[PDB]
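Participant: So the chains spell out like this:
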Amino acid sequence: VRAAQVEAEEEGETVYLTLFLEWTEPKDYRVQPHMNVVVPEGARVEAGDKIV
Amino acid sequence: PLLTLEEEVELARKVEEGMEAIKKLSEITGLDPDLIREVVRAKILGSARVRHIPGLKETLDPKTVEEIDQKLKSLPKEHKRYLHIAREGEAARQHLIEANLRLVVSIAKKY
DNA sequence: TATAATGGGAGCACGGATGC
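Keeping their order, the protein sequence lines are chains D and F.
Counting in PDB author numbering, the first sequence runs from 317 upward without gaps.
Counting in PDB author numbering, the second sequence runs from 92 upward without gaps.
Any given hint could turn out to be false.
Simulated crosslink set (BS3-like; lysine-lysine; CA at most 25 Å straight-line) [as the list claims (entries may be wrong)]: (1) F:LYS164 x F:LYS148; (2) F:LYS200 x F:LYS168; (3) D:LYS366 x F:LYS148; (4) D:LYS366 x F:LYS171; (5) F:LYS148 x F:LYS168; (6) F:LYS168 x F:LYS134; (7) F:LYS134 x F:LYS115; (8) F:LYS168 x F:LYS115; (9) D:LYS366 x F:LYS115.
Anything over 10 Å on all C-beta distances counts as not near chain D; from chain F, calculated [stated by the list, open to error]: (10) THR150; (11) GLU158; (12) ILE188.
Hints are computed from structural coordinates only; laboratory data are not their basis.
Cβ atoms here follow ideal geometry from the backbone N, Cα and C, with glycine treated the same way.
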């Protein structure tokens, strides 16, 4: 995970960071022999787009 | 070499989708499914085998298959897609047959 | 017209042009 933007607000002796974070969460999909992959390596997909 | 289940299914799939793509090209081009099929097959196999087909209304020669190939390549991208599908379909057909050639021997030896 | 099946089967002789 990486922090794109960092906002800081001071209260008392402490600082409160509002962070804008961007990261990637993996999900595995098991492909059975009767299934074929319609997507290449490193391709970008959206909501609704067919993978296998 | 013999086909793994995955490989077999793949080739069969490419064949079916291929035939469908030939039908689609028949719809778009307004041409004959047979003529298109013969042209695609001719390009996959090469100029080595070119001959007149009994069902075709037109004699099949390098000239005609060239004109038809050019009328196919003159299609828009999304339409030209089905041409590629068809080509790879014919190739898959060839490999499927060539792979299943042993079954024929094992059956025929009993006759 | 669809379970899956995938590599065969059998069975003397001498003379002369060639071929490695």
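Participant: Decide, hint by hint, whether the structure agrees.
Facilitator: Hints, verified against the model:
1. Proposed proximity of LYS164 (chain F) and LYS148 (chain F) is supported: the alpha carbons are some 22 Å apart, at most 25 Å.
2. This hinted pair does not check out: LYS200 (chain F) and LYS168 (chain F) have alpha carbons roughly 49 Å apart, beyond 25 Å.
3. Straight-line distance between C-alpha atoms of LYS366 (chain D) and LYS148 (chain F) comes to about 42 Å, which puts the hinted pair past the 25 Å bound.
4. For the suggested pair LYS366 (chain D) and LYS171 (chain F), the alpha carbons sit about 22 Å apart, so the restraint of at most 25 Å is met.
5. The suggested pairing of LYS148 (chain F) with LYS168 (chain F) is violated, with an alpha-carbon distance near 29 Å, which exceeds 25 Å.
6. With a CA separation close to 20 Å, the supplied pair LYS168 (chain F) and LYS134 (chain F) stays within the 25 Å bound.
7. About 19 Å separates the Cα atoms of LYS134 (chain F) and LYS115 (chain F), which keeps this hinted pair within 25 Å; it holds.
8. With a CA separation close to 14 Å, the supplied pair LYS168 (chain F) and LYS115 (chain F) stays within the 25 Å bound.
9. With a C-alpha separation of about 22 Å, the suggested pair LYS366 (chain D) and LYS115 (chain F) falls inside the 25 Å cut-off, and the hint holds.
10. Under the 10 Å C-beta cut-off, the non-interface status given to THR150 (chain F) relative to chain D holds; the minimum distance is some 39 Å.
11. The claim that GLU158 (chain F) lies off the interface holds: its Cβ sits roughly 33 Å from the closest Cβ of chain D, which is beyond the 10 Å cut-off.
12. Consistency note on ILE188 (chain F): stated as away from chain D, and its beta-carbon is indeed over 10 Å from all of that chain's, at 21 Å minimum.
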